[PDB]
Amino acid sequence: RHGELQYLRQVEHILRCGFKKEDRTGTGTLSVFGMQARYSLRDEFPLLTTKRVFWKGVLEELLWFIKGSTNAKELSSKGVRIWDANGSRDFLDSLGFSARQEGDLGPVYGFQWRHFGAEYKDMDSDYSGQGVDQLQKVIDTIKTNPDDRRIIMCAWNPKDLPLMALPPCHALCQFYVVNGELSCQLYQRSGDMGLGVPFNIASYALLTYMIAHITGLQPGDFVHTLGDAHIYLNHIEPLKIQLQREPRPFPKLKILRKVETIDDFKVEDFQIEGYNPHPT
């Protein structure tokens, strides 16, 4: 009944039934293609508790997407370094982006979310009014037509892929309204169960909370859908131990004032209450 048991059963499923498969560096995983979990957002927030999730990084990363930034340095300056390797001088050069300033990830999530289809130049360019503001369209559609079956934000942009330091793993999400509740489903093409998945779940549940707040709805569910769901071979033992841990009740997420537009959210507007994860 605790929502985290779905994630733990997913990990066990992969350990038991996954097939060996290599990633881009020729390093091994056990993998299963196609999974789905449902995390309730109703009076709790699914920030996993069997291993600590880096919540500060979740929140700052999302605010960074929302501002449309593609500069890794702009997130790093918040003390969140998770995108710094992908914007490093040597990683960019290895992709043939030698003309790029360091930190310049190319047209990744924030850019596609706010400017889909605009012509990417660099991370300093001013993209005001260019391309499709998918995030605002999502919000305005939820307000005016909550039954709509087309409420989609898609970061996957086949035309821009060669410019990206990484194609998005979070390929698209869809929102859904019924009974005054806003739900969201993510299609995640590639999921590292041990490192990334718990952070991605918290990311999209946060987005859902933020959008429900500004559209006057209550959070419903977050539906997590994976493509390549995998575990690195040198995470199997730490995971088998985490798999013995009983999850603690999920924390609550509180938004500390009335906020009117998605662009107006700041770190201080949020507070996670009663988060008690198991130790390292």
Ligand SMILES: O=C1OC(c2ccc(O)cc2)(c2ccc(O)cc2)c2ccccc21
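Residue numbers count along the first chain shown, from 1. Only residues modelled in both forms are compared. For the two forms, the rigid core is made up of the largest set of C-alpha atoms that agree within 1.5 Å on superposition. First, how it differs from the form solved in complex with the ligand.
Listed in sequence order, the runs of at least 3 residues with C-alpha movement of 2 Å or more between these two forms, after fitting the core, amount to a single one: 25 to 27.
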Second form
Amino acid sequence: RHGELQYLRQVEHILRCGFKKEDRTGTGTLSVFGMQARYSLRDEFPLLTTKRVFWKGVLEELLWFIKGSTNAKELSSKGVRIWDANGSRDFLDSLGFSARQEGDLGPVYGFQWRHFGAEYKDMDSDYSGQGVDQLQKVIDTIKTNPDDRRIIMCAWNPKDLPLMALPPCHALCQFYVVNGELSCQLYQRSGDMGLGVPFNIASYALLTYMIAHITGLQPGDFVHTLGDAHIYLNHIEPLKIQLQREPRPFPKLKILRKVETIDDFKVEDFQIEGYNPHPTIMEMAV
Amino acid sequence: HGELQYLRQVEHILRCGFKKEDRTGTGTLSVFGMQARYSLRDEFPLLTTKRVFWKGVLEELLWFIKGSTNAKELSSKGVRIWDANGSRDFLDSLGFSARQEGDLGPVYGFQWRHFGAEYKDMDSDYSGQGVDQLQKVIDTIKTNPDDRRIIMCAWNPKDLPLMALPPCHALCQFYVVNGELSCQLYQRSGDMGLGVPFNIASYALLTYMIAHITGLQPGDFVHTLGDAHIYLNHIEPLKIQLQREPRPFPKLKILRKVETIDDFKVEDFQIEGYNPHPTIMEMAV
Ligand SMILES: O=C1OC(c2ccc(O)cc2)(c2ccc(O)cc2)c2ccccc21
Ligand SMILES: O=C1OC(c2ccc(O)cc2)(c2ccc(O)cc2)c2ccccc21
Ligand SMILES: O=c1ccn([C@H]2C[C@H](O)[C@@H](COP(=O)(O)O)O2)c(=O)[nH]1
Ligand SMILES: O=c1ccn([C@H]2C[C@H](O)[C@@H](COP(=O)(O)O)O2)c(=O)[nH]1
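Given the form solved without the ligand, state the structure of the form solved in complex with the ligand.
Below is the entire complex, every chain and molecule, led by the chain shown above.
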């Protein structure tokens, strides 16, 4: 059974049993609270095929997280503009960060991952050795104590929340080792099923591939856990069309050289093989 | 019956979990990633195939809510579940020889009411310091029930080295639709035999309290697990438990109108109709 069917079953379940729920963007949703899917990472990569996923954005965003950057312009300069609106002059001013340069998102994911608890000044400051390097801690624990049941990386920081351009969505993840296989579970508090969730799945599956490579393990499962799983009201008709498509076999992800530390990965080390998504289809809520 | 969700998770681990050694040296059968949904509508999921220590559930939660990190304050209620982790021996093993007996460091109660504050010891006055996540959750439920960010997080990487134990029930999220309040817990590690039934009751209770404070009806408790495991010396006891038919879940009654979360007391709560099967299981250390 194709792993993508779990995602399609979730979409189906929301369209059939979700409740109408108003939301921040004013678009309105159909919503279910509490969902879980399991995507195998064993000799395949769960890049969804019934609608193309912006893989270049997935990879560049994750590398940007890993170097701890909070500058939207540093991601934009790679051709990936997904964070640009949240670092714009007008958006930053609406939140009262007039003293911030354009692009300064505040202490969002990459900062929390690499420097949790350090004091947030601006995006150009030097934070070397400041705060808790959760990402390296996870990697070290996987190597020395793979049975550990507390291998956690948490972007949800209640103290830093008011400094962030947006509150963390993919809020907490946990790693797990058994039978030589590394698995990862993401707690995602809020999931745009049509446009966001496929990207999120690829993002954390990639992270698991990267950490498995660094630690000499084989990728196991990505477990995707949702809080508010929702379909925006203007996605119902496109998704009903998407749901009639049969998934194509997932692609593979190849890592093209031996990499020793998480910081040393670069875009050219990765190749998605055999990705043949169905032809395109959706308006994004703001 | 909602207890079948728990029993089916136990069965799944017994049938499909992998052997995995663990911190305690006991060894486990283990599945990574599970989820169950327990309805809170007109019933309370206090498990029946084995008696749950409801007095400990209620008193521990009230102890969380007032922000205590002192195991002696819970013990004086006749609930000793935290006493070993506050003992001198345990504190000396972690490197806390300067801390007095009972001082658990900045565990759940501190994180829930004072996230980000500087911890000193269990006797300090933390009034107004840090983020009161618990009150923030209640306020947001009242003012913006559609909010998709209603989170209380006990996992604090900065404070982890100061805690007696790393938080197990690590983060929870609340959700409102159709006048019903739901809660999802992310529990990183679940002892299915002895811990999980207590965890379910604890967060089902928390949801009843907040619904009462906010004028809403309890909806679902969604229980999400990371390492869901059965200790190897629990296998035979649990196989007995799995043959027991569940009895209908008791009801939880709140005995007066309470206005703020800090004003609940033990006397305000009554469990009606709890007829569990006889208790059975050795505790990992
Ligand atoms: O701008 C974009 O943000 C999205 C994004 C998702 C996860 C992530 O890690 C980074 C970005 C996103 C999509 C839908 C939403 O409701 C909110 C955000 C996204 C996905 C695909 C293409 C563009 C975008
Ligand atoms: O001492 C006790 O800790 C338990 C407990 C669980 C959750 C909680 O919120 C508070 C306590 C527990 C049981 C098994 C474990 O592997 C670890 C802890 C527990 C459950 C039932 C009776 C006694 C105890
Ligand atoms: O990584 C992400 C970030 C955002 N979203 C979606 C979920 C919501 O539709 C919207 C975030 O809005 P709030 O939950 O914060 O209200 O974007 C995702 O699906 N994945
Ligand atoms: O609220 C709790 C606290 C602990 N445990 C169990 C899970 C593990 O069996 C053990 C904690 O050990 P570690 O996961 O931290 O190694 O206690 C629970 O089930 N619920």
